[PDB]
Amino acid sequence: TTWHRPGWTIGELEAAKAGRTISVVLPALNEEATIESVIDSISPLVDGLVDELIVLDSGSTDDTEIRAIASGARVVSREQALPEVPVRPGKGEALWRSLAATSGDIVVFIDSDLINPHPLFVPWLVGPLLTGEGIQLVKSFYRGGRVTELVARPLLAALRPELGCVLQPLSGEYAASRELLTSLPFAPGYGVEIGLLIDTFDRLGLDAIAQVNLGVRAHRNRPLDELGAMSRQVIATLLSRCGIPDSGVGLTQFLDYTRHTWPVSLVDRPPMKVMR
């Protein structure tokens, strides 16, 4: 079911929990400028609709951690989330680790780089999980997304056209059941969102997936070269899910000219279940 405008009240949603718990995770790498506003947008839900909120600090070297703490948030490093396992770089590692630092029956992810996010983001994402039937994953969409419109959607049309109806496959804002998340491998780096989406679909089909309009997104837009690497990992992850061998060769860029090669990973983390 694709929603265009939520309506559930916070109280209705709370009633619908029926014993289920909700954890919220904000992954963060150097987001000192935006993190406070994001935390503040959600913390009023804590001890109510939300049972648990954490910042997964992914190696920040700015004031991200101290500002998050000063916002009353529990901050968890990659190392603290799962200390027995050495840390790998990239976003997917942080999200995967975050499963071990939470216990909610439902887990909600929100990027920490959002500019003044609506306080109803979380309620809007959990709606279908709480009041739906068979929904295990909820993606957000909103109203310029160069990677999404040039890379991910066109590749989905080519290789998983059934997912053509997903407006924001790379959305960093989404919610899912712990049962699902701990049953899926996690792709490395920026491949994580697309992997979760494709894996979910391949395993449960579209009926287990919803998407909700969160309105409009403001975010620290980004340099082309970093987008190159992101696109590369998205590709790697997507090709893998489609049974296609990726060279494992990183994107090289020429900035006469100088050359730089960005890392790409063909290694997923296994389902957090195997870590029990």
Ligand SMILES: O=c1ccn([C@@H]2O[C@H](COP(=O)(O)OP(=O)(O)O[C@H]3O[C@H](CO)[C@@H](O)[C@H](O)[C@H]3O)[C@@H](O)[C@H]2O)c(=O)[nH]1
Contents of the next structure:
There are 2 protein chains.
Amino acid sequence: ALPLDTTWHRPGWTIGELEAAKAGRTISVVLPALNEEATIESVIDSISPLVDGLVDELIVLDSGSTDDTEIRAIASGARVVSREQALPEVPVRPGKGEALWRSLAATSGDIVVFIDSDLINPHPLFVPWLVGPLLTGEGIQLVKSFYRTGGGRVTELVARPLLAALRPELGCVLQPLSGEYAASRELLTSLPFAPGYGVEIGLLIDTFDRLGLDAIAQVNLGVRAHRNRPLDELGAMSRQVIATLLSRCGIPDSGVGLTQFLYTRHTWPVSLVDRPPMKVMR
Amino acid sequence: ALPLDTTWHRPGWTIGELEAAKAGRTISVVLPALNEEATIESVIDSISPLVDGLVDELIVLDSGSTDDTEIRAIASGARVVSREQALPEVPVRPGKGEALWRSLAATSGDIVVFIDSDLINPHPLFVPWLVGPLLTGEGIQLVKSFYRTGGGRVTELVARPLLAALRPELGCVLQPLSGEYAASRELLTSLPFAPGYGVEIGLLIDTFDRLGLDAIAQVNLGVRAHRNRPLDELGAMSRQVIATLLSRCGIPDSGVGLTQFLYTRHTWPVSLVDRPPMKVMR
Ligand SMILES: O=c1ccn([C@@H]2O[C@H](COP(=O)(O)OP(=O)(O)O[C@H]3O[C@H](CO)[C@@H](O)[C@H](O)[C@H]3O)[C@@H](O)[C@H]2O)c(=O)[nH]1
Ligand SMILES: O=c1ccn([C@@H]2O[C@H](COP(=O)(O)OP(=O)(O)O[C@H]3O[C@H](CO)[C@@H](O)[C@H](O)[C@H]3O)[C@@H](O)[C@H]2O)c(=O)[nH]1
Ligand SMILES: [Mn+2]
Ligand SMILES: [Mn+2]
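Form solved in complex with this ligand structure, per the form solved without this ligand context:
Full assembly next; the chain just shown is listed first.
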């Protein structure tokens, strides 16, 4: 009942049916990871059985981990790609947005699926459930998940109310910041990639501004648990989500970083520099 | 070390000294309340000993309570003023901003102090600590508190990061949404009053835009505990805080209310209608 293809229930397709509908299209899965040694294995394990079938490629984009993320992920059979390796001609910047952007150059799938590597016990139907609308539907180029400490505080207090205020047509997207989603390569390599934690909200809005809702679907993945960061780390994330949201809506951002008083004072980085469409690097 | 008079430590003044420095100025205290039967008595009790001394007036602005807020507050010796009684010629709208605005017409103090009526065990030096800079300093017309479930989520994830983005000069205010603050009547009756939960962020920004930081002081009240609302109630608050913040910064707000999916759907009210400076009602 939303102006937006929303699969509220457990999708009916089977792996064999979904695989049939590929029709020569390839599927790449990317797990971005920064210091996720405790959950990375269970996430890979939940997806690796699809490889050489529904999924043609799985990588861990290691965003500079200093723990045992890489050795654990290799031991799980995964190809692990550093940011450097993904695109060596261009120096590495920090943040998640950098990692997803770069992952576009280390993959070749007509469809790209992103799964966060800190999920606690991810269901192995996550990927099949996300490529569903891209395969069977028409016009769909972006599929966002929804679900459910916690509650998605930055989602419920910042991104959703801000979308209500500045892009109300996106008010029917239930989890605009979700790290689990899939999209066509043609769309992904045509859009710029916001830095740090701005990347999701930036892709959602440029996708909308460029193609309208009809290109966007969302799908219930059920329940979703992950690391629940402390409030001060979220402030920093929220600051970046805000900077990216305002820019896509034509509003000048001060570029000034959030300062916190814990009393002691800390100033977190924010970035106004988007990475350009990966096309320009061909 | 901030561009903003910040009393980081327990203020040194005594009640007698502060009272001396009034110099013919009167002090009104206002407790806005909506259904606070469980905490209203302890809050009044913590302040009533100042009446006919440092404080010349105390009221409870009852914002339509359906519990025993009024009878309990009366039994504590407080004058209780309904919104209707505060300003009968003008029909009542909902929200906190309505209540504070109206309270300006039911008081006569040259200085007005606001204290939330849901505080758990408020220190009885709260009021003395807030009128300090208005009495002894010069130029000061607004005094904001700071302190400390929870953590002030809407504060740390929405108001502070948004001020960083759009009014970075206000980045050194530690609790811009705090319900405990004092201000001169001349300032208060000259500013418009945002609706619902937008009122604080609206007063902070119009005060800044109109007088600069030099008119603003903040004071440590130590620790502060209150009702910790559920996340969905905060989304609604956050939506209003956002609508008010964007308007003061010259940015058009859609006027569209936040919708939530709990799955079931609910749409909370937001308002773009500010009450005008109480001066215009003279
Ligand atoms: O510099 C970084 C930071 C994070 N990550 C990875 O990105 C994923 C998500 O990061 P996380 O710290 O867990 O973000 P969340 O607190 O869970 O934030 C949620 O909301 C954010 C705002 O859009 C999204 O970026 C996240 O994917 C989403 O889970 C994890 O696998 C991290 O390893 C990186 O690769 N590089
Ligand atoms: O329609 C209303 C709503 C609330 N209140 C009173 O206002 C005070 C604060 O309301 P509360 O629901 O406790 O807000 P908080 O969740 O604590 O929000 C914090 O941040 C808000 C955003 O600025 C401020 O409005 C609050 O004062 C501040 O405590 C309480 O005494 C309420 O009784 C009313 O009088 N009328
Ligand atoms: Mn996470
Ligand atoms: Mn409260």
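The term rigid core refers to the maximal set of C-alpha atoms that superpose within 1.5 Å between the two forms. Only residues modelled in both forms are compared. Positions refer to the first chain, counted from 1.
Displacement of the C-alpha atoms by 2 Å or more across three or more consecutive residues between these two forms, following core superposition, is confined to the single run 1 to 5.
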